[PDB]
Amino acid sequence: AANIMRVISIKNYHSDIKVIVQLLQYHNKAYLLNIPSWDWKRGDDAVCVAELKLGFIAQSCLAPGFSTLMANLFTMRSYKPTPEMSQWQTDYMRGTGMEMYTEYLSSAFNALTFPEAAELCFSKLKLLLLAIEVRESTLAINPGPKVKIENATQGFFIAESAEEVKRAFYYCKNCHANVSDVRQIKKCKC
Amino acid sequence: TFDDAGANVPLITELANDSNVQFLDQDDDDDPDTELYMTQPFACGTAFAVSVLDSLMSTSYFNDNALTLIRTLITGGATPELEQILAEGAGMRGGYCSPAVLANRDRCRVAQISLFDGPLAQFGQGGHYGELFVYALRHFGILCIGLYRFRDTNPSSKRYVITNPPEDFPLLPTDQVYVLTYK
Amino acid sequence: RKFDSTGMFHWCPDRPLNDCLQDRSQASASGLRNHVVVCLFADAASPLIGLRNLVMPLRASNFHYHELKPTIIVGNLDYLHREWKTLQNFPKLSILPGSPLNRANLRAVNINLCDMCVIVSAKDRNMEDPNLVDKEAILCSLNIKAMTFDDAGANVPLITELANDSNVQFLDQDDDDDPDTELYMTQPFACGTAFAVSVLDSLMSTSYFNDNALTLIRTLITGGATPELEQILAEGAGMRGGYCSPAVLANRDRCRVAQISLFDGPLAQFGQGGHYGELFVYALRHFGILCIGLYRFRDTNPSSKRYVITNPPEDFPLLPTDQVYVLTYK
Ligand SMILES: [Ca+2]
Ligand SMILES: [Ca+2]
Ligand SMILES: [Ca+2]
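If you're matching them up, the sequences are chains A, B and C in order. Letter by letter, the first sequence follows residues 427 to 561, 567 to 621 of the authors' numbering. Letter by letter, the second sequence follows residues 853 to 856, 882 to 1031, 1037 to 1065 of the authors' numbering. Letter by letter, the third sequence follows residues 706 to 856, 882 to 1031, 1037 to 1065 of the authors' numbering.
No wet-lab data here; the hints were simulated from the structure. Incorrect hints may appear among the rest.
Partial pick of chain C residues on the chain B-facing surface, computed with a CB cut under 8 Å [stated by the list, open to error]: (1) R706; (2) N807; (3) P1052.
Interface residues of chain B toward chain A, partial, derived using beta-carbon atoms under 7 Å [what the hints assert, rightly or not]: (4) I889; (5) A920; (6) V929; (7) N940; (8) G954; (9) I962; (10) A964; (11) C985; (12) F993; (13) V1011; (14) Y1012; (15) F1017; (16) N1031; (17) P1037; (18) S1038.
From the derived model, a few chain B residues whose C-beta atoms are all more than 12 Å from chain A [as the list claims (entries may be wrong)]: (19) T853; (20) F854; (21) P909; (22) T936; (23) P996; (24) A998; (25) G1004; (26) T1045; (27) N1046.
Virtual Cβ for every residue (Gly too), placed ideally from N, Cα, C.
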């Protein structure tokens, strides 16, 4: 109730402000969906922690570890070894260094299918591409061979840092990005 | 005891207070200065707590689409139209559906598959995660995102999750693979 | 038809609340139009607000039975059970039990076709701090203001009663709020969309300086509740009534405050650039209508918001879209 009154206050002061609010109960989301100037298409958003909580554990009933797989992608953390960690703890902790990032695919991906673009990201760029924003626009997760990469397609990647995913924006094919150690991709198709 | 066992029933518990994760498991080596995500019950997917969801706020600011990606996965496909319909207070309306709306039943989902048997089992005998990834993407359109591996490589049934392994990462025949899939 | 025993109000023999209770299908099947909707917000234990004081003016005997506005209360049923003993003597009343914030109750009630939606609360006046005190009333206003009635929405007429005056700022948008303005200067009060008990404080001093002026306003606002009716209610028998003699029924010609439009009919000549003084004199002479003010659109071009002008100057220019407040006998 207190948080809804704050969004009502912020929107009353100026309707166009992007408000992102944290909510504790799913039935309370209905109240702010009904405010005259709440608009999800413009950015307004409600992080309902009851919805999200029960959603992660429900998907774990179908894939037995997803809630940990997935809840680690949405906190920034950097992998930092310590020599007393067991093998499983080093393997686990390397994985916790991952997050999900958005980046534009370079023009070198144009007219590939999503399967070629994903093989290319994984094998050459060491990036896990998992989705694309298809042009109004719509998200597609793991789309099949029917879907082509269009120019300025935004993709969703799992990677260790935003400095990794830039490689997909700078990847310039036979023109310049020819060489096989990933640290070297850093400049355009000059 | 379920004599026709017991510590092998799969379980996930939601904690009101994260530091209580230490009581949740034995053979564990607890330490109160470790934060939740490093503890064995969370690494095994046996525990969850709302504190790991705090950083969703900043992801809604930096890339709102990423928050819609996770919401479409975790809700199993709840669109803003369904949130709109629920906000009318009539409850969830439904019935028989037209082929044109029923077309949306081919949604991508996160499934889990085993390297123990079937066509991927060739990678379980000392293959590497990169070989598996490329093969499954090409033959099945399966997009592999991680592993679920036994902690005791010899004892207990506890498994831990490895997100996005390196291309050269060695597989075991007992591993399970997380996959984005259409069927 | 039957009236109360002083002939001042329409009357009905008692009933059980279940005669007037309706579900959403019954309410939606009923062709409610030009009605009053009361959106009550109450807990079962919360204090009685005396809805009789709302309904009784709407059943004033000077209206014909066909022109009484139907009334429907949307609210908590356990509360309305203990309210009902006071309401059970009024015709054309109904109850849809449930929350006014459910956007279904609102559609079943035909909220888009009503003549007034009243938003009212019985909740504790410091259930929490002064920012939470009107959150249900504010949400209910904003909810109705957002709906879509495609066969709209922000043109349903509404009046809300505020427990805390400074919350008037949340009640409307396109508004330019300022916390140092006092309630009577704010746009929602100037439009008749908001009310709060703080504007009634100065009645105390008017009772001292001229008690008759307080009886004037009470006869208008109650629709004719005389001290004899207050005496009869104080006997605790409830409101007694039946068929009435022509000698008491004579009091059905009471003066009332009505509102009329300059858009059409005989006064429309003044809407084409006439002045308020020309209108006043004409209507007083031809109809015995006594004009006391205007209700004019704020946006003279957009929104349906109108503001009230009390007693304009003789030379004040009229618009064809104005409405006039009138004291009238018929
Ligand atoms: Ca990282
Ligand atoms: Ca332990
Ligand atoms: Ca305002």
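Check your understanding: Is the interface hint for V929 of chain B satisfied, with its Cβ closer than 7 Å to some Cβ of chain A?
Key -> Cβ of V929 of chain B sits 5 Å from chain A, so the hint holds.
**Study point:** 12 Å Cβ clearance of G1004 of chain B from chain A
**Key:** holds, 15 Å
Practice item. Grab the minimum C-beta distance from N940 of chain B to chain A and call the hint holds if it beats 7 Å, violated otherwise. Key: This hint holds: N940 of chain B lies near chain A, its Cβ roughly 5 Å from the closest one there, short of 7 Å.
Exercise for review: Decide, holds or violated, for the assertion that all CB atoms of chain A are farther than 12 Å from the CB of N1046 of chain B.
Suggested key: At about 5 Å from chain A, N1046 of chain B fails to clear the 12 Å cut-off, so the statement is violated.
Review point. Given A964 of chain B as an interface hint, is the shortest Cβ-Cβ distance to chain A below 7 Å?
Key: OK, holds: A964 of chain B within 7 Å of chain A, min 5 Å.
Review point. Taking the closest pair, is the beta carbon of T936 of chain B still more than 12 Å from chain A?
Key: Answer for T936 of chain B: violated, closest chain A Cβ roughly 6 Å.
Practice item. Compute the least Cβ-Cβ separation between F854 of chain B and chain A, then decide whether it is above 12 Å. Key: Per Cβ check, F854 of chain B is outside 12 Å of chain A; nearest 19 Å; holds.
Practice item. Taking the shortest Cβ-to-Cβ distance between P909 of chain B and chain A, state whether it exceeds 12 Å. Key: holds, 17 Å
Review point. Hey, does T853 of chain B actually stay past 12 Å from chain A on C-beta?
Key: holds, 23 Å
Practice item. Under 8 Å, Cβ to Cβ, is where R706 of chain C needs to be relative to chain B, so tell me if that hint holds or is violated. Key: violated, 38 Å
**Study point:** Residue hint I889 of chain B, partner chain A, criterion CB-CB below 7 Å
**Key:** holds, 5 Å
Exercise for review: Hold the hint about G954 of chain B up to the distance rule: shortest CB distance to chain A must be less than 7 Å.
Suggested key: Since the shortest Cβ distance to chain A is 11 Å, the answer is violated.
Violation of the numbered hints given earlier is confined to hints 1, 3, 8, 9, 12, 14, 15, 16, 17, 18, 22, 26, 27; the remaining hints are satisfied by the structure.
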